[PDB]
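Asks: Chain by chain, the residues:
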Amino acid sequence: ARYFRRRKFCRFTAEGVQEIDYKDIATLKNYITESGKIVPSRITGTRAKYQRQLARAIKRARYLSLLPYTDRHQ
Amino acid sequence: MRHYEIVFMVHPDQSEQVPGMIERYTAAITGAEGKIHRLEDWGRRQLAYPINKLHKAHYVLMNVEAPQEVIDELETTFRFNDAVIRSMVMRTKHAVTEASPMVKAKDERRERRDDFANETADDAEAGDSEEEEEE
Amino acid sequence: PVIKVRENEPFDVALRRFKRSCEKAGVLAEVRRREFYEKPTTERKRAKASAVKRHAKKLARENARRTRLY
Amino acid sequence: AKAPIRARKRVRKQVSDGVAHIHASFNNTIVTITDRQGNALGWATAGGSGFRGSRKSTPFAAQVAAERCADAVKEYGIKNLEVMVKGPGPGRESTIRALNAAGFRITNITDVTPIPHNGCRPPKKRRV
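Protein chains in written order, with my numbering: chain A, 948 to 1021; chain B, 101 to 235; chain C, 1368 to 1437; chain D, 7 to 134.
Heads up, some of the hints might be wrong.
Below are the DSBU-like pairs computed for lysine-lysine, each with C-alpha atoms no more than 35 Å apart in a straight line [claimed, not checked]: (1) A/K955 to B/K153; (2) C/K1424 to C/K1386; (3) B/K153 to A/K976; (4) C/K1420 to C/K1406; (5) B/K193 to B/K156; (6) A/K976 to B/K193; (7) D/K62 to C/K1386; (8) C/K1391 to D/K8.
Partial pick of chain D residues on the chain C-facing surface, computed with a CB cut under 8 Å [to be verified]: (9) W49; (10) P65; (11) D77.
Honestly, the hints are just simulated from the structure, not real lab data.
Beta carbons are placed, not taken as given, at the ideal position from N, Cα and C, and that holds for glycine.
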């Protein structure tokens, strides 16, 4: 039946999590390894916008010591 | 006016400095007919890398609207605060001033992720247990 | 870039693959060379280009069958 | 043959436990034992094993550099080790294997290899 509109696992197989937000710690950690670092965009099949905006948000977050920047910070 | 989501973090032992500073910054905003639409303190959290030393800081979300002329002066202010270790302020585009994305992470912090120690007691008087002069 | 995260049950050989996610590439890869500012945008970003030859190879396995050489 | 020598009794610092540091470059490996609170108890190298040329930057010349330092620190009275790894050069595992052949548990192979936020420009090397 009509207008169910974005329940789950529909439009896209993989949910877009955040765009540009960084004040929640958890939204960034959705694409962050146990090494403490971003996974490349080819492997996950993420859509370029959510990624392009996350490139600023993740660098921002790392600079506020919400993330390690460097392997020495593990 | 335009909305600017400033987040800053503070050195534990230096938290005692902030209850006098924060109430002048709020008077400077409302003095320009902007607004405090939340002001959430989150409690103490572990930094990934130290900034001005210590692996721990106490995180405070002001949630300002202020005019464009004023925020350039307040942003310079919050970064060069010594009690503040580092600060970041985000854009007007795709901003919430209701319904907080950190509402659960905040509560979790007070319940579970502080020290529960004397060095984080120092944070809680600059925390949600906030005291400020009336405007 | 042996990576700090420990492989379950400790052993002398570091499990370097399962740990690493985005280390060396661009930063510690162009070793003993002159570092450029805008050059990487055309020099290094060859992922689409390298994907085509692999699609072609996987096509031709089926095409040796359709010509009947296998 | 044997002589009538007095008993040996000497102390140096008796640390019982340590950290090791491995600096891997492109031309050599430098291998260094320290105390966990941070003081050098000895070092060796792969260049001082005299392989020279390309052969100087290999897992095997790096291994024997690790077994040379690890022998010398028994006199400091170290008995356990942990290791810090810092570089992309050869001896990834082979350096580790030589401290483990020195009789140590080497459970903690902590890569701390510094990734500058894109540091200082490396040498051009050849003029083409």
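Asks: Next step is simple, just say for each hint if it's right about the structure.
Replies: Each hint, compared with the structure:
For the hint linking A/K955 to B/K153, the alpha-carbon distance of about 44 Å lies beyond 35 Å, and the restraint is violated. Taking the CA atoms of C/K1424 and C/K1386, the gap is near 30 Å; set against the 35 Å cutoff, the hint holds. Simply put, B/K153 and A/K976 have alpha-carbon atoms about 24 Å apart, close enough for the 35 Å limit, and the pair holds. At most 35 Å may separate the alpha-carbon atoms for a hinted pair to count; C/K1420 and C/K1406 meet this at roughly 24 Å.
Of the pairs offered as hints, the one joining B/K193 and B/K156 holds, with about 30 Å between alpha carbons and a cut-off of 35 Å not exceeded. For the suggested pair A/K976 and B/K193, the alpha carbons sit about 22 Å apart, so the restraint of at most 35 Å is met. The hinted pair formed by D/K62 and C/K1386 meets the criterion: a straight-line CA distance of about 29 Å does not exceed 35 Å. Between C/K1391 and D/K8, the direct Cα distance comes to roughly 57 Å. Violation of the 35 Å bound is thereby established for this hinted pair.
The criterion of a C-beta within 8 Å of any C-beta in chain C is not met by D/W49, whose closest approach is roughly 20 Å, and the hint is violated. Below 8 Å, beta-carbon pairs count as interface contacts, and D/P65 has none with chain C, the closest being about 13 Å; its hint is therefore violated. With its C-beta approaching chain C no nearer than about 19 Å, D/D77 sits outside the 8 Å limit, and its interface hint is violated.
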